[PDB]
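Here's the letter readout for the chains.
Number of protein chains: 4
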Amino acid sequence: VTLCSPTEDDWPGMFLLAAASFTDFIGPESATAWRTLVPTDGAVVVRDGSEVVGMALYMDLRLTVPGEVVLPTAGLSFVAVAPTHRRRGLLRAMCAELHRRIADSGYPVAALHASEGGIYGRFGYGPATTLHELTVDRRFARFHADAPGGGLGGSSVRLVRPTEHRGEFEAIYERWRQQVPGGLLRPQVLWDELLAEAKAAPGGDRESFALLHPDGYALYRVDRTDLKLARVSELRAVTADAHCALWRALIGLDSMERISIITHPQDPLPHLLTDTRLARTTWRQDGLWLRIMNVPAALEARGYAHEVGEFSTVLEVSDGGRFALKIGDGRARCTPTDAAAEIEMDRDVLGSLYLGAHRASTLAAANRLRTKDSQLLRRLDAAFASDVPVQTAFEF
Amino acid sequence: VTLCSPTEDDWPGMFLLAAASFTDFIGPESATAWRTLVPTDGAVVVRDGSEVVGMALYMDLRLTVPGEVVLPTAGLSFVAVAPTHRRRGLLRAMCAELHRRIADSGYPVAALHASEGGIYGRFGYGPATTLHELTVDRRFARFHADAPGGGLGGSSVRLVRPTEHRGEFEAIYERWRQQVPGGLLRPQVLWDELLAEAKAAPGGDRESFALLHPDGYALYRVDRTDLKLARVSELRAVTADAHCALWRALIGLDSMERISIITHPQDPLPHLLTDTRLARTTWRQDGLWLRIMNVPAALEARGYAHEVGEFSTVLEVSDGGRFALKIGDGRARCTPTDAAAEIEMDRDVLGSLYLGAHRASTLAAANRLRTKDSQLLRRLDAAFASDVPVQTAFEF
Amino acid sequence: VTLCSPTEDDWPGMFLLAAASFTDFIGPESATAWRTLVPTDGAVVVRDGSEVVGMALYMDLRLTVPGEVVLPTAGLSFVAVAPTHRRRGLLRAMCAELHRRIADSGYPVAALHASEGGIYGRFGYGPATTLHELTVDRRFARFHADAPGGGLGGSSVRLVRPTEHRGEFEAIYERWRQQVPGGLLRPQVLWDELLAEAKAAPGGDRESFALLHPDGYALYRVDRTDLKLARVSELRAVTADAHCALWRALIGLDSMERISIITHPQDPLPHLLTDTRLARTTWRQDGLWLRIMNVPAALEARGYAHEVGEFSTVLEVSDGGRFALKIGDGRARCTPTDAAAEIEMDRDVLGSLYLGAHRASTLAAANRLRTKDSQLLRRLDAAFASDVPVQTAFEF
Amino acid sequence: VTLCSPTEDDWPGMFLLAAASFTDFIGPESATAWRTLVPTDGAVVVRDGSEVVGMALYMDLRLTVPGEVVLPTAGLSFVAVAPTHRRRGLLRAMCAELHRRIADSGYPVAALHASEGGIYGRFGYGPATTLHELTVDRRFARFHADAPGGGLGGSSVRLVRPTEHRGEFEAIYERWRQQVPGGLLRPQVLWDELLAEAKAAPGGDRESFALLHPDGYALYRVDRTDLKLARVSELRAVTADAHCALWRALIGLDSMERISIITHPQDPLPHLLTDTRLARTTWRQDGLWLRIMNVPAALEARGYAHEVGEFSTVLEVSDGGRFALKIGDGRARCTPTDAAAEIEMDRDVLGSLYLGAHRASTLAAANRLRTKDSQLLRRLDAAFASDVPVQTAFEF
Ligand SMILES: CCN(CC)CCNC(=O)CSc1nc(N)c2c3c(sc2n1)CCC3
Ligand SMILES: CCN(CC)CCNC(=O)CSc1nc(N)c2c3c(sc2n1)CCC3
Ligand SMILES: CCN(CC)CCNC(=O)CSc1nc(N)c2c3c(sc2n1)CCC3
Ligand SMILES: CCN(CC)CCNC(=O)CSc1nc(N)c2c3c(sc2n1)CCC3
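Residue numbers (the entry's author numbering), protein chains in the order written: chain G, 3 to 51, 56 to 402; chain P, 3 to 51, 56 to 402; chain B, 3 to 51, 56 to 402; chain L, 3 to 51, 56 to 402.
I should point out that these hints are in silico values taken from the structure, not numbers from a laboratory.
Here are some chain L residues pointing at chain G (derived, C-beta under 8 Å):
hint: 1; residue: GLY160
hint: 2; residue: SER161
hint: 3; residue: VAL163
hint: 4; residue: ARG164
hint: 5; residue: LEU165
hint: 6; residue: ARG167
hint: 7; residue: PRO208
hint: 8; residue: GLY209
hint: 9; residue: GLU213
hint: 10; residue: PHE215
hint: 11; residue: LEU233
hint: 12; residue: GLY258
hint: 13; residue: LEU259
hint: 14; residue: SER261
Facing chain L, according to a computed beta carbon distance under 10 Å, are these residues of chain G, among others:
hint: 15; residue: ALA21
hint: 16; residue: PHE24
hint: 17; residue: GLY51
hint: 18; residue: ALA88
hint: 19; residue: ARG92
hint: 20; residue: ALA207
hint: 21; residue: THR231
In this text, a Cβ means the ideal position worked out from N, Cα and C, and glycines have one as well.
All chains, please: the whole structure from these sequences, using the hints.
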């Protein structure tokens, strides 16, 4: 039970463990594409004296954080231990080895999507974004008088085949991801993959359609079994106009009873309708999880609310260092210190605060974040909050 | 079809319309108690030339708003039109008459709980608070190391009959409602009613139990049909310690699979667990709706974030006046003006912003709130936000 | 947190804990009756410095074991720890104290019905009987030619009110319980209770009917919600004739689609039908659990298969002693010894073997029962097996 | 309507009737393989004056019976009458003709798997084995301290592709089938078929995985629609160690909530867990059915319990002869006689007793098995019982 970087010869065994450990696995032809995003020495395997009984890897990603700042981000993925080798600390060992490599390569943050809500807290990952399913009974949906694009003349939205308008979707996603906290650069090979799932599969998913605006798009397909439900796989909009116009078109799908979409808690859709309640929240879950690899590098890299005045403090991260934090003009300076700590928190808590998804007040109430000064808590809340609301890019 | 204040002789007819129009109706013996909270000339009826084909009334309530300020609040309730008299503008006429009386009696705000999400926007009511059902699979629930009250020695929580500890529940609710935006004064007669629903009914709801802390309580009963689900009808806690201690006890109900509770979006419960995801959000809805009756009186009455610096502007409410708004030191001055408007919004939008439940950014994205300056939008967001998270008191 | 016998003053607090800890609780008026079966010093409570945070008790029962031998049996029941006092070893302490008293009072065995399948193994209780739900689609049910009582002339079964034929039900149950392993003496006060549940409750269970034979009875009621299902609460029959005759009558309920009954794995009903499969097994669970308090006293007290020849061995019970076991002529002699052990098992395993419900072969395969000689295993299997099939009397 | 052996020209018509009469039909490409196991003159068809309106056939099988004795067994299969020709005695005629051929070819027993529980009793077939679905909530499953292979060091179980380890599965199944009552020889062509269903089908079943031990294997796949359920299609284990080790691995499938398997009533899995009840019995059905073709040949061929002493009797089978049965030393001598019968039974009853699945006591209680001496009944029970528990090999 030794812990090595995989050879080319090791990948068939990894794909076997993958098939057994993840049901959503596409298969080796699709993995070719994602593999391209794994750097050299971005993967560890655990052989038994053989076959693969444990694997982890990271991908080179570009995460947009508050202040339209883009960080290089190690995306952890393809983590699996064989059912034959559970409770043997193979996960503790593999994660520890990748976190060493991620740190020494100079990534300030790591990120992942959790398959359980209880595994990842103990390795310093905090839930940083919130998925939020809205389901619209579109039979009752009337737009408010105040809603944009509710006059005479033509629609600016077209119904199209996704495959014939790849260029426009790329353009729009690129604009979107650069100005939205949680945004990820989506490389060429993941657009190849997104548009191979647009085509209908025999006895599988149905044909995907696109609504295309100059400044937005929405990919949607009808559900496999429930033929009165349209699922909106992806809606990107750079302007309120684009967002409203796309939803007028989705509400216009008169052969459907319901439109479902996985979106963020601040999605404005409910306020576009005469009746807010027609957009029922049916489902809610942690989205992207962040581990802050270098605290000073990460805290300094992002923007903060201009609205709160300049203020200073000492932050202590359990087994992560202690820092003089000074925040004014929406910039931060984070420097070493041995001065008495004013705030303590575990590294995962910092991960949750970082994209402005979770308020310090809330985490403090749970005693996940200790301080003795509530004015300092009001100020963290206010500073760390994101002007633009935080969103989940794509699963990896 | 004339519109009058009801005589004593009119109430039997109102109770008939009530029984037909509301399924959740307790019956005339229970109405005695709520009636006490309706002022003289707080009720209108519509007779047919007879019988009652339309009624509305308001109750005298005390709503806690940001800055621990308590406003006198007209609570609209018992609104019904006979099925025999629909689409006859009886609602438009009754609401218009009560809103006159509410305004002339000097109530700064009115409030209600909506039976549909689409009726109340057009009369100037905005959804001001958010209900949020959490359901815990308590079989998997382990508390985090950081959670308060997880050591040796005794528990501070007792299991009790609700009826024998009315005094303590009152004390605690009184403390809670005075420091929490959305808090309502609960008069003697509504505690009589709350504790008459604590006792098991033949072929109805099961016996209610209470967990009592020095600084918190939780009323709970097992579900009628689903005997592995406990419903938490009410949990009030004045301290993080009380809140944690009460949830340790609820998770300790080892004969249950699930605990459900209707709570607020900032409930810290999820952060108390090793696995945030065990506390699934199963349901979400508008709670309390506010109509701002006097804009200057209401805007001036509440507190604002100290964290944002002093700033000025002109707010225009559609058919509600135009005001020079000046906000600094968490106080506001709101005075008449004919100066060019910087912000426009309908009166319902103001209602939604007022308790800090909804961000101006979000309502602006839906074009429910027009401005041409996004720095002013950042500032409204920041000012109107509530330090203490907004909660829903009780239904009326 | 001290551990005492309850005063009369302590019972209200126990009834409160009961209501909170058991949903199936009838209420204090019904407890009067069961209380009569609890000896003096048969109950322990745990007060907090007060109120009751923990209780256990045993009842004086008479368990019929193989060889129509009747043992005095401590029936453990009413075991509860407050949700406010979990994981505090109150259960470990209460069970340890009752087991001392049960042992010193000279009970050879203790018994209980488990609310979870995982709590009771560690205190030396083994599942000793198996409940088995049969559900008959009675529309397709035709009796075999070989089935008794399928000729001309009159039926010997009558449809009656249970309350007017208490005497006959008692007579028959008394006959049944004396000749059937798992049989319990049912005292006067538990017949009072059984016949108070026969009468229909407002918005609860429906009226119970009885089919009465000279040598059998069946109590049945139609299900609350599913009106095409009859539930057979209890069927006792002393003769194959009685059993067949009662089932002809139940299959004769032509307004029902399904008859369900909770019975034992050897119930002959399936073999009475032309189609065995019409009697689907829908549910299966451990019934009665036994803890063997005195190994020599219990092993010596029961009968064994005459069919296996005389044979000897050394049995070792973990922390329960080591015994020279000699079995011939369906009697056993069990005497102390320090000779090398041939069979080892934990005390719960012995409990499972004792009424002949579980084969040693099976428990050996799970390594719950160690031996190095498989001829000795064949012999235990054969000896401990019950000629008459083991059944579950009533829940306590 | 004549009754002939099929020509090569008749098989297309049989395949048509097959497709219409059996939904689980694979299609003619798969039938090539099973056809190989049908002897010459093992099939009858009924033409209409044409097309095929009725078919039956038998396959040459090798059934393992108690005493590790292997009998040649006619496996009846592919029995169908056209919907156009029901209630015309085509089944009575076809079965009668095959039973003549099966008898004259010198097969001592015939076997089948029933599509209804009520058709096959009247042709002398008795349910001989019991299928038993266990479903494990594997989230709560902890193994007992007594369970084998729960120490440090390596696992002996590997996760593999089934297709690359055919040899090992064959070896293990061969060992298993020779020592287990109900065991069937599985020829080369049925391993070809088993491993063609291991591969995922488009819009059908998912990829099958194997857990391989030196002395056991388990084939499993995730359910089509329910993605949190793993179905265990086949688990063969020659040692308790193999069985425990394979289940540790299945419980180790951490992405599943439930493991279901179709197994036998004596499966030791429940006793391997700290909580027996986590292994719920969800489903139960007759498995293999036996018709005893030659009573003396079959009764003499199998082994009997050594534990019961030598004893004699006269058995009478309705329209099947009368025999002096003498049983001692686990051998039987069965010779003709006209002496007064002590036991009577129909031929199906004998089929049920033969593999030791059903106790004579039970069938006697249903009057399916008449005797006037209950000591003789105790002795049949004890003799016919199988030391090794009876299992169901594969469906045909
Ligand atoms: C629940 C687990 N999942 C399935 C893995 C997580 C991924 N969940 C997704 O939604 C995206 S599908 C996907 N994602 C990848 N990162 C990859 C990678 C491949 S192959 C692939 N496939 C080889 C290199 C890394
Ligand atoms: C969906 C409609 N509902 C039922 C009315 C709304 C009230 N919804 C509740 O949850 C509280 S029950 C209640 N509430 C009242 N305000 C009152 C009042 C009575 S009688 C009563 N009863 C006479 C004077 C006013
Ligand atoms: C799941 C828990 N259950 C409810 C207790 C177990 C009992 N389960 C039953 O089915 C019988 S109802 C019953 N049984 C009793 N032994 C008793 C006793 C009372 S009151 C009563 N009531 C006071 C003295 C002991
Ligand atoms: C419910 C009916 N079934 C479908 C037939 C029973 C068989 N049930 C099974 O599970 C095995 S699939 C199978 N079995 C066969 N014996 C055969 C045979 C073929 S083709 C085939 N296919 C030609 C010669 C005999």
